[PDB]
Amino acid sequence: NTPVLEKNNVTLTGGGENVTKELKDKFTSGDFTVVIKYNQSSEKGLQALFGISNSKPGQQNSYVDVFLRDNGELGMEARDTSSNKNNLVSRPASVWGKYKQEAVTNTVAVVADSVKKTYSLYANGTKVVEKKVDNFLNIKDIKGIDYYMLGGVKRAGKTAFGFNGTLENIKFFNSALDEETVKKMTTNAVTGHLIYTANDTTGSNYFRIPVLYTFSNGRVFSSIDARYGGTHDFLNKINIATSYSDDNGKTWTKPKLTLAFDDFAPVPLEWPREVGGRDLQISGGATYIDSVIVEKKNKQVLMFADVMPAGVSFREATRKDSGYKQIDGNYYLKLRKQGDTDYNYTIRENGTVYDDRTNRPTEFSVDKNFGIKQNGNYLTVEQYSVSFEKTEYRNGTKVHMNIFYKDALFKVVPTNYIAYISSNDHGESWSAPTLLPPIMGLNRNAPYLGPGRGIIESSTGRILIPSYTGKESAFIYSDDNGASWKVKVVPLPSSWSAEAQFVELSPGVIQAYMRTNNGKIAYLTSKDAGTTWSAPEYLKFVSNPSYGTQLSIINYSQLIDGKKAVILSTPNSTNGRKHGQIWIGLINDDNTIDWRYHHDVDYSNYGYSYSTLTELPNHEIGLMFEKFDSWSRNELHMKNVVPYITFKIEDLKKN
């Protein structure tokens, strides 16, 4: 594989460079590969990295280019005027803009393969898109190609889509190179910011909902949603994966599955991004989603998660049943047996399944992972697989029958639950899950967790876990170091998806920062360790779309400008989930916050959705975030889009 042309350190501010002499008559087949290492000096406007065109008047629509948008989209066009053929292939959120005050160096590539009739695009080690098109065009197919340009496209004798930046290195090949060669050629520093990668140990092509936490030992812990049937919240097959770093985030463990069902296996699916397929979903699969981490005072770690039985969306879960039944003062999980209409059974002591009608134990029992036994032996069901030719079918593998499955003999109430697991070794191993009792009441479903961390209120030792119902905040708490759980339900002014996080301002004084349906971040204050809550106030410097986004806010252990500090991450834009910012807030003696500093994470039109902050052992700050707009139907089912970055406080002061 030898380049037909190579150029280096080409600095441009809109005007481009003519390379026609060097490239006219190099592309005999018509196929091509172009690999471009670049950085942008200005991201505004549509910019072409190179352009091969018919430059004569009348032939404005006869060209091939690779382009970048101010939102980080990478794409290509291949067009021919006289035949009115117009190919466009792209993927949102493909490149980085700026990082810590400097333009980021990216490496992207295009492959045009006339035998396969495909265009492929690569960015920073990932094949971001591959598309077979019917009206395929290569360089020879376009009539009268006479101009070859770096950093623009010559249309009707004028430069269009002028690039602003430096082409550090650009290589043209007169053939289609193979996938692994180009992935490798595009690998760079950007590629190293992934902790979870598509089709890693987890078997998932997709991830959403990152969480970071630092343990007392100096381990930095991460969890994430491993979402297997694309990035849909529901319906989907979702596991919680984890990974950790014992060296201040420089290196991470291979990801482990920590909360998982096996009614479907953990295997990679190629989820359609086209408008006609992207609404496809994995239907019948039990799920964990939305993790919350806290470390207790005794150094045991807790992790909570939402639990969804197979076929239960957030929208279709019954809201008028907890899934639990009260018998002689105790709460017990109800079960319906196949062929019954009513819920005649309960799980009591030792997981023994009781017939409530007779008040006698049956021969069935439920294990600590919700698996169903009969006379002490496991019942089985066939595992499902997914295939695209979409079809879901039984694959011949037997797994334990489970109360959360579609094919179970005994089934839970089709509603959402909360489960928690604990670790005595800083997240190397975990207990079996405990389903949370019906803290909201017997005739109400469980709340939904606000992903991220919980806190320990220093003065009382109260454990606080943020959650919400749709209409209320539900602050789940324990006053006996996690042996028992209660909830403070707080009515909100409207139907907020009130994903929240807590900070402590001073002893006894806490604030819950949350998403709303009004465009603002709300904060509620408690001066009695969470027992009662003030009316909401709103941050005046963040302005988001009405749907909102999850946020992250943490306490920071070191003084900044002599003051106690908190650190907030959120998008900040009414155009979408964009324009990520980190804000440093300094607490005053009266417990108001001086929001003194902010730092923009990349350019304002680049994507920034859910995020998580942690303080590193060395007092740097770790950030992981969805670097795309996770609301947009245009940015679903994207691979390798949740990076991790470390900041110094001095970095966060700038902007």
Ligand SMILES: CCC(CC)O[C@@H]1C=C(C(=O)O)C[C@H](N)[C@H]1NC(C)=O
Contents of the next structure:
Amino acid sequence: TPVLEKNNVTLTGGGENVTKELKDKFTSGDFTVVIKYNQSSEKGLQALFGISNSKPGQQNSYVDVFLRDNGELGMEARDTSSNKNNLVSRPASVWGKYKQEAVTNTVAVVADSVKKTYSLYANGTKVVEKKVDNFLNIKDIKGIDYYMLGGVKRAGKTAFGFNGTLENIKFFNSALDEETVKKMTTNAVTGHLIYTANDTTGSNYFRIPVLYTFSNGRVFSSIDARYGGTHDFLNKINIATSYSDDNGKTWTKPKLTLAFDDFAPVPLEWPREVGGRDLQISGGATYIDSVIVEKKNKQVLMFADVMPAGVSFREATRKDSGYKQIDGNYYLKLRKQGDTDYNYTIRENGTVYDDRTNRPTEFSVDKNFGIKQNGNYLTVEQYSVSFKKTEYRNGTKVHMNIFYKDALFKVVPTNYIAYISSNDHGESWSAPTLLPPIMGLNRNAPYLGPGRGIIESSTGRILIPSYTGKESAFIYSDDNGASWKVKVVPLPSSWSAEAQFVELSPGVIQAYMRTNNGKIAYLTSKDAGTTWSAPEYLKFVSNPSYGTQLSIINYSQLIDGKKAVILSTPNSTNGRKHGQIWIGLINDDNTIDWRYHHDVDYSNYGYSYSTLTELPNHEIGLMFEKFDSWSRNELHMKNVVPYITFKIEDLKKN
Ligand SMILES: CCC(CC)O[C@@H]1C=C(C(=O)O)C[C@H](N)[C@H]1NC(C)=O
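Requested next: the structure of the form deposited with this ligand bound (the form solved without this ligand having been shown above).
To see the whole picture, the full complex is given below, headed by that same chain.
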């Protein structure tokens, strides 16, 4: 039951005094406050409410909950005379704007004297819960005499003045329980999640979204289910999928599509504090960075990077493919426990040969890289993680796999690429096929540029974007995917050259990519990817040197009477921020008129990896990482990868 409830309080930084209403309501000193609000202006630091000693000399004696112009939700609880100052927050907790309108968010705070915790909720998620040693509730702070909506009274002056409308605000004089407040903060923002923490995947975290629309009208998503926080490495990562048969309104519950089980797919509470957030799951085989394409025959492909357990993408050897050439064929090498050389190969039917004697052994490797001996599976114990992080054997047996820490036979500790095909628009998938040593025997595979591949219309060539760190690697097939080759293109510098393709006209394609110079590069081919021009750079996007992944797609419908492309990227030198969608119209000479752009949220809000698809109804689907995924400060955060949609008319505005 609320001790005070107020409605539709509209404010422009001046606040509203509710001292009369709230003084003498807080017996224990504990509290819960639930605020449904929208901001009319995001700028500066804004308190939703403030409880304070207003008297001169007592400006550090207050409790508040605040919003920043980057979408961070926090709270302070301070006492002046004891010099105790508590701050609890989480980045990227709220939404600012959406299609020109202030977004309604619902956030809450809980202060619990027993547990000595402050908890913050936003939009259905508990964004942070922190035990504090210098715990302060309202009674602990000396001489509280002022209770305020939309600010904090410090020394008789309004501070942190809120700009917007408090739609509903509820003050309770006790700590409400976790699930009550999760339900109270649930709203329309909550339904923009396709993948959620501890859903059917078992993962608390996700990164690297991909959207694709199939020819039958299904909209398909894939994503990294990253179990040990959001680290790229070392980590345990599965690729999950989920789809919509109604233009994105509703989505299937996620399935695991690419996954190993040396570790179980289970939720882990990954520490965000400075001294824990660098921790990693050491030793777990991984699929990472998905790429999707639909063939002309309606069969679907999906590619992914494959990392054996323990193998950091910077301790992975770079001068070994993992393959041997024997009598003109390529066979994946294996090392047996206790050997120093790689004496064995996987050949026909998965039969393991001793290369020295050139004879088949009793061992074989199945379609999923699992090891058998005389037709019976070898096993290893699966690992679990508990927290002070420990990794231990949990008593469950899973198949021994050549990608594992504890395998009798092991692949070269480097990165690989695998692909799976589906004949039923992603309801079921073939077993994984590892790509051949397309870069050469004495080089490791490239790394995929996440998003989609394309079928170039004039040749039917399939093109999959990848990179080496020094070169673009344009993986292609000229035989409807039966065989694979690569065009390697030296870049001007050490670009993490994540790319996506667009066709401009028949035979003519462009690869748009990330760079290490702050700009988006694009390379043009006028022979369907066989040869590539020197790079050019977009003049209107300006990012940090490290760069971010982008999304660009072809669009089926004319815009202003012209063939169009649609680009999504952050655009900011301050971080992975300021998401924009750009409409480019193709001219008769194949130059692009970049005529329209739309800012996804306010400029200082988080926007990292993103994916665009055209919906069957010709609206646009976007899923994106609504946080800064480079920042060491915005790691291991739950429920931060939403799906939103636009009409062309929406994307014309800004
Ligand atoms: C960490 C290596 C790579 C650069 C070569 O960074 C990429 C950057 C990423 C990023 O900047 O967010 C995420 C990618 N998933 C990652 N790729 C892999 C394979 O780990």
